[PDB]
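In structure tokens, the next block holds one chain alone, the form deposited in one PDB entry.
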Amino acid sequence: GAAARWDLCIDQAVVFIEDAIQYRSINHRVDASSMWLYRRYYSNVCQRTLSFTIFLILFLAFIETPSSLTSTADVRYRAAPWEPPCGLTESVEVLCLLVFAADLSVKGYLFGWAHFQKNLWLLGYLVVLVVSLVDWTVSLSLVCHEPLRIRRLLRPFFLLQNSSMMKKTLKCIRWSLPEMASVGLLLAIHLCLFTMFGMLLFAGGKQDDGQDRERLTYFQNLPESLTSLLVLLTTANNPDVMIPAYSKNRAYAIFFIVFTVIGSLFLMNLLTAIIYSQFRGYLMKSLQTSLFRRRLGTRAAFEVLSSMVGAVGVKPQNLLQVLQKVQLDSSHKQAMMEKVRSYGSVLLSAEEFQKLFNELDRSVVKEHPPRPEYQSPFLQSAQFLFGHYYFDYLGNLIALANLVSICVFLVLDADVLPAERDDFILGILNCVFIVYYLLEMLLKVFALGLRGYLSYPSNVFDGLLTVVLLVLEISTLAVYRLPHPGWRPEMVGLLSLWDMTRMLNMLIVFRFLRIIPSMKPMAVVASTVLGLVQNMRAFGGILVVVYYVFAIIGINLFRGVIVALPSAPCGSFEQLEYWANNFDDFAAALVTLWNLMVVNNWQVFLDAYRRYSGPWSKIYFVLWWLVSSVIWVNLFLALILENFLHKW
């Protein structure tokens, strides 16, 4: 059994090295079959399948019984959505839940039973799966007649369970929670004290006066004063809340000013600073944990390989075979194996082993495939001329000319009648510029080779853009037959292809926006954008979870409360025609929650839902303002600060 244990130790070294490369903790059980199961489960295919299943189970909310498949979200104009049959979404959800159960079983087998019991995330996964399956069985025993599906609230949790960055962000929020709670208590005391002071201050005065008007409009009773001051805390009705009092007497504004100085200025920014105080070393801590995990992986692999000899160390042949069996990029794998081959038969110690496995911190520069060579001197000279970077200068100049022409002929044509436009010069210029784009793409492909041209991301991007523009232009020319003087390119019922062509042609500006890191001031902005996109998961997952949970709650609460009866106050929900901001389906719920995250016109929604669904509904919206506009927006600002100050 010596050979069996030898190959088992080789497999242990391989899996430990793979964990070190992928920054995975070494806590899973190491067995003959468990190693194969671990390498199969953490493969790219299985992880992509799990992520797609999570995406599908989140996307099912768009196709549930409150279907989100209508052209418009306005209550007045929306038609009945396509209601899916009972078994369709239930079957899709049950297959997603079976996939999740398989994933949970694999996770619970790869790790120990003790680890599964001790881990709170796996216990929560099991509880959520059991509750979701029970709710699905209940909702299927009745024939899709359960109005509220609690399982839909637990769908975001899966997204939390399969993301380490999301869990780190949640932990940072948890750490920031006590100071935020203390500041919130102070702010509630502030709100209550100013509410009582306002109610007592605007109580007197003559009838129909400015002070009496202020009392009637905003500070009549305690809940209305509380709502008014809470909205003023978000500065959503800053002039309206004080216009009557400020017109009655000039000094009253002082009061409101003090409020905005204390509540909206000091305490909200204090909350922002508190939330940022926990994301202060986010990226640095993540890098430190990644390096620590890599070091642990390499150390454990060395320790495993050392026992195979029984001085301590790893034989070069065993390390070479392990590197041969390790899933790694070609450059790093080849460099590491050549460095191992450089060592003779002498055993490798732990320190030199770790220094060898420090080669994985090298950012390999991928060389673009060489351009094909042409024997003809004229052909190769033309290839050199067209492959020169000054050709990109000429292309950018022509692109700027195209963009300026499109903008000018859009501004000019806004004044003239919609049916008397000529669009001849603009059509000719667009045709010429699209032909030039096609010629430039063909020349670049000729000079750099098809694979070489497609190697660059900017080159493939502009190639796709010019292909789409060429298709649109050819279709337009085929429909409208070679523009002439007075060539109207818009016809009723012809999809308005001209507008689509000009809108896709306005994506040219990326040719100039992608070269902004050239100037020094824009370099830090570009670095911040890149870091925020790389760390997009940290805030994006929290955003998705919050929006999903609150959309489901709103649909369960405010499904059919806003109905237009077949005169309204000037500042009301009906007069502004906000009927499209309802909770009748998932997309409308998401748009309404977005419009509420932007605290503007918050009191309009508050009053509308107080009148339609009840006075207590405000609580929900208040919670929304606490969860999205206060916690998540400050989280995004903290991540922006961290990504800006990381490199700098």
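C-alpha atoms forming the largest set that superposes within 1.5 Å between two forms make up the rigid core. Numbering follows the first chain given and starts at 1. First, how it differs from the form deposited in another entry.
Of the residues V460, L185, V258, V509, just one CA atom moves 2 angstroms or more between these two forms under rigid-core superposition; it belongs to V509.
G449 is not among the residues whose C-alpha shifts by 2 Å or more between these two forms once the rigid core is aligned; its shift stays under 2 Å. After superposition on the rigid core, displacement of the C-alpha of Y374 between these two forms amounts to 2 Å or more.
In the core-superposed comparison between these two forms, the C-alpha atom of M519 has shifted by at least 2 angstroms.
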The other form holds:
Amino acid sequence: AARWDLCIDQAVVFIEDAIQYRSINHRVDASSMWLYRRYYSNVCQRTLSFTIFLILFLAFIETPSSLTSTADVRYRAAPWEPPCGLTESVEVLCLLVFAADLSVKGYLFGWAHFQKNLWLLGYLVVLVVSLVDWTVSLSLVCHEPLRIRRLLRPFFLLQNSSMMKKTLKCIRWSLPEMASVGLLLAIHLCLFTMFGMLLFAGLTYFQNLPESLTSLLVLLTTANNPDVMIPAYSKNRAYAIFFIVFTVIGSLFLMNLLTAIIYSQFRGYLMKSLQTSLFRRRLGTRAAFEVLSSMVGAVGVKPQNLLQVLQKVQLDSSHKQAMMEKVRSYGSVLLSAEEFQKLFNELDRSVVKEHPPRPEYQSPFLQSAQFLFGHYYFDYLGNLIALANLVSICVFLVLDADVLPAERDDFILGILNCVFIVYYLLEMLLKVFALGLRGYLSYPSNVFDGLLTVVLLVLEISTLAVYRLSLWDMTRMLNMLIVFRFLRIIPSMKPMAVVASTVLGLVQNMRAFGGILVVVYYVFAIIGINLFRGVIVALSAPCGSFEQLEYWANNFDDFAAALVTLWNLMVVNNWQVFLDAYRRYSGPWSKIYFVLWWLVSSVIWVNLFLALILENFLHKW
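Moving on from the form deposited in one PDB entry, kindly provide the form deposited in another entry as a structure.
For this one, just the chain is written down, with no partner chains and no other molecules.
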């Protein structure tokens, strides 16, 4: 009776964990299974993902106030200050649901399991530090300059992710080897600083210990290759050997050695991911069998017990009916153990359909339309005219570019876009009159084409509403959206399937890796804000300086301007210029910030990218 239905709840949650690749380490109770099924719903996990985005969105609208139009410092309508109410209200509202998340994760798990698992403990210490810092900054009227609780926000992203925790373990195992090459590189520098200072001080680059040390470090990433050697090379031809050897040993051996060291841990990444997925499903159904085999009882599981459990699970109805027919094909025989486990190998099949088309009333009208629809040249007529559209934009952009930027003719340009757009409407209306409103939605390219067509006629008819033949801005907007038609010529990839297959495989696997970049940007922005917030003031310079070039838009005055400035240091070109400017404005101890940013971003993460491309390329063969 009661233990009858109680075993049913242990049946349904063990099947559901066996599908979704979860573990079985939660305590089994009566209403906890009401909570377990509800906490893992679609609605609950999507609220938790939305609030994580919210606090990581919130730094755009904090007191540095990145709501302007230009980030340039020489002219900017600066202020938009929100008051002390709303931003600290939405800060504490997200802290409630994370506190609600921790409570139901610890209550549903073991209490002793809570004290052992390090991530739940770190989830707890971050919450109280964020709450103490909230009430302290609320006691004062917002006039605390630096907000330490803003740094702890990316731990909420790292907690609920299951792919970043794998990737952080792989870079933790690579760490004692990366410190050795980092040690060997620092030996390699300070040798050539001493060896350089004998040759050249006996150059504006070699006049001091920290100046020559900086000049070699920037050469190590090859940001000044010709410019650091041209005094010495103009004195003698033989001085080229000193700089050639330094970048061969430095940039070629030791930087590419860091890539091979990181890839040595990611070598079995996807295959060992699939193995622990299948291993968790093996003990999933086995514990489901073991509790169902001992419901009331030889050793077997009654199919009438199966009839109620496989209904209450949440699954695709394709695999659901296949389970249901296969147990109905079985008799009243008690199901064996090996036949129980191999029964759940229906979840490896995948079925792809699109839709069935629909007929008409009049028989010669329907048979002519559908048999010129099943043609394979109908889309090729669309592909031909779209290419004919694109060369027209091509020839007309280059013809008006060179001469007469003010007053161009643009007479035939209107008529060309008319005949193409009304061609685009008639084909998609003939498609839906040959497939159906359901028959047209089943293709993802047709959603892409059908949405793009109905937008362009709105743009065209609006130009046709005010002109007959804001002219230039509408034609520029109309020309821009015609260019996006070229993305529909792309997916006909017949001989180069190895490229499009991995690009899909890459973006399906950048939950972890895109997440790590977000963690690193968000930390280094807020550190960079509090150090260089008001350092650059713009009120006759050397010809290669920060001020001869107009690099004034690259500062750390807000969140949007920090991200682009950190981007331009990540692509390592011309970061000798930023090093000289931030020395001249904020003292020479700022170089430890940029060098540390150079090590995390360019060295570690862009090697981390190449290890993940290499793994996801070499897969299934």
